[PDB]
Amino acid sequence: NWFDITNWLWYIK
Amino acid sequence: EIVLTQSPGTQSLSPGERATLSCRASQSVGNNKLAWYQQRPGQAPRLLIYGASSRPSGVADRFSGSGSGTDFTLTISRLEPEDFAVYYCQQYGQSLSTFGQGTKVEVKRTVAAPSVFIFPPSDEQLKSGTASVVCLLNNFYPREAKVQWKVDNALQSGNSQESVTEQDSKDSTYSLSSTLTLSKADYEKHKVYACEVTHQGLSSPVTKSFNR
Amino acid sequence: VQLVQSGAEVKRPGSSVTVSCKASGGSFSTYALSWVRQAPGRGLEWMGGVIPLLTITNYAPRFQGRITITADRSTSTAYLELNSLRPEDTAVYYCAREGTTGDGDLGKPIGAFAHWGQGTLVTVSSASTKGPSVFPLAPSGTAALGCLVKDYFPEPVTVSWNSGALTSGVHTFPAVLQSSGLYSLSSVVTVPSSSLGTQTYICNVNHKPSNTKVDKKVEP
Ligand SMILES: [Cl-]
Ligand SMILES: [Cl-]
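Chains as they are written, first to last, in the working numbering: chain A, 775 to 787; chain B, 4 to 215; chain C, 186 to 405.
Each hint should be verified, as a subset may be incorrect.
[Said to hold, decoys possible] Computed cross-link-like contacts, BS3-like style, restricted to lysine-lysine with a CA-CA straight-line distance of at most 25 Å: (1) A:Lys787 <-> C:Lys393; (2) C:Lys398 <-> A:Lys787; (3) B:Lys130 <-> C:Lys398; (4) C:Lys207 <-> C:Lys315.
[What the hints assert, rightly or not] Here chain A is said to cover these stretches of chain C; the calculated rule only asks that three of the stretch's residues, wherever they fall, bring their Cβ under 8 Å from a Cβ of chain A: (5) 207 to 220; (6) 365 to 371; (7) 376 to 390.
If you are wondering where the hints come from, they were derived from the structure by calculation, not from laboratory data. All residues carry an ideal CB built from backbone N, CA and C; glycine is no exception.
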């Protein structure tokens, strides 16, 4: 789900 | 594609009442990624609920979201004047996000028949080769109403357009304006111009007319 | 977080439109920006979005082939391009960015659209700018009277009465789009029949694009 991508980005930053 | 069904599409309620709005999805919504937005006329939408039941800090706690899978609900515990608006659900549990068609929450009030007024074309307009006749249906409730134009008793089609105001914030009525437009030459072929109005508040249609 | 969009535009059928959305506040590159449109009197429709940092676009299938969404990190600006325009593409286009959890704007992203631009009205039409004719709707307890603001392009027109002093019982209607591709609207007011001999009623019509500013006195 494209709408979950930024969540992954947030967690790894 | 997930189809989101918001039914009914309108709810007529009173200030102070509770409201529950349904959003039903054609397939299970992934991770309950279901949001609700409010939109008032002339304004951008505003987020009320996300993730089915989470509420951003700034949003009044009289709004709550519940449900999962395919069956979601927005609850407004007690309607304030400013809560009369349009509500949209949205799923974003897959890359193709979709919105429901919206539910308008409007103010229920006593039935009010339209006051009807008919206006011939201005002398100024006639000079220029066109004739517009205007019919006003003023301050009625509920919103459903019909206008038919008749010219020497012949029902007209294709030469009129109408529009309706937003519900009035003080008296909770609607008004409607219709314009019939003909060339001057065609206007001058006929005598009686009439607008015929049907509405729940009227036991039989009301006609206003003039003879040019 | 503020999203500020470019101004209204009129576009010919078959042309391409670009709308911009400049963001300030929060973080531009790692939050998802979408475009959502709304045709007049209709619902919201999600068109697509972009995550700038990765350059990852996601288009609704219905617009896949007609839309390009781009993001310029050096100006925090996102762009919607929509091609092959048709009258049914006439709509308000909004950019919308996802929210973040908690106070402030560097929190965990929520997917749902917390931040919305003001909207950009795109009108698809072959019409040329034209100012309206303003005609009185003369009055025949209560009388109605009004003004007919006929054959203008493009939207919008504003109407007041008595320079804003008269607002009680005023109804200014949504415009309708005629077969000519020009708009027409009406504005009415109801007043006491006994005020008609003594009181003056003037409709103030303003169509900025054609610089048509008419103060029409409406009398029996
Ligand atoms: Cl709120
Ligand atoms: Cl097309």
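**Request:** Apply the coverage criterion to the segment 376 to 390 of chain C and chain A: a residue qualifies when its Cβ sits closer than 8 Å to a Cβ of the chain, and three qualifying residues are needed.
**Result:** This one is violated; 0 residues, fewer than the three required, reach chain A with a Cβ under 8 Å.
**Asked** Within 25 Å, alpha carbon to alpha carbon, are C:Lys398 and A:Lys787?
**Response** Answer violated: C:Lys398 to A:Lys787 is near 56 Å, above 25 Å.
**Message:** Check the hint pairing C:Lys207 with C:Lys315 against an upper bound of 25 Å on the C-alpha distance.
**Reply:** Since the Cα atoms of C:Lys207 and C:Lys315 sit roughly 31 Å apart, the hinted pair is violated (cutoff 25 Å).
**Request:** Mind taking a look at whether chain A covers the segment 207 to 220 of chain C? Criterion is 3 or more residues with CB to CB distance under 8 Å.
**Result:** holds (count 3)
**Item:** Stated coverage of the segment 365 to 371 of chain C by chain A [criterion: 3+ residues, CB within 8 Å]
**Value:** violated (count 0)
**Item:** Pairwise hint evaluation, C:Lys393 against A:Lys787, where the allowed Cα distance is 25 Å at most
**Value:** Distance of about 49 Å is beyond 25 Å: violated.
**Prompt:** Taking only the CA atoms, is the gap from B:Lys130 to C:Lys398 under or equal to 25 Å?
**Reply:** Judged against 25 Å, a Cα distance of about 21 Å means the pair holds.
Checked against the numbered hints listed earlier, the structure breaks hints 1, 2, 4, 6, 7; every other hint is satisfied.
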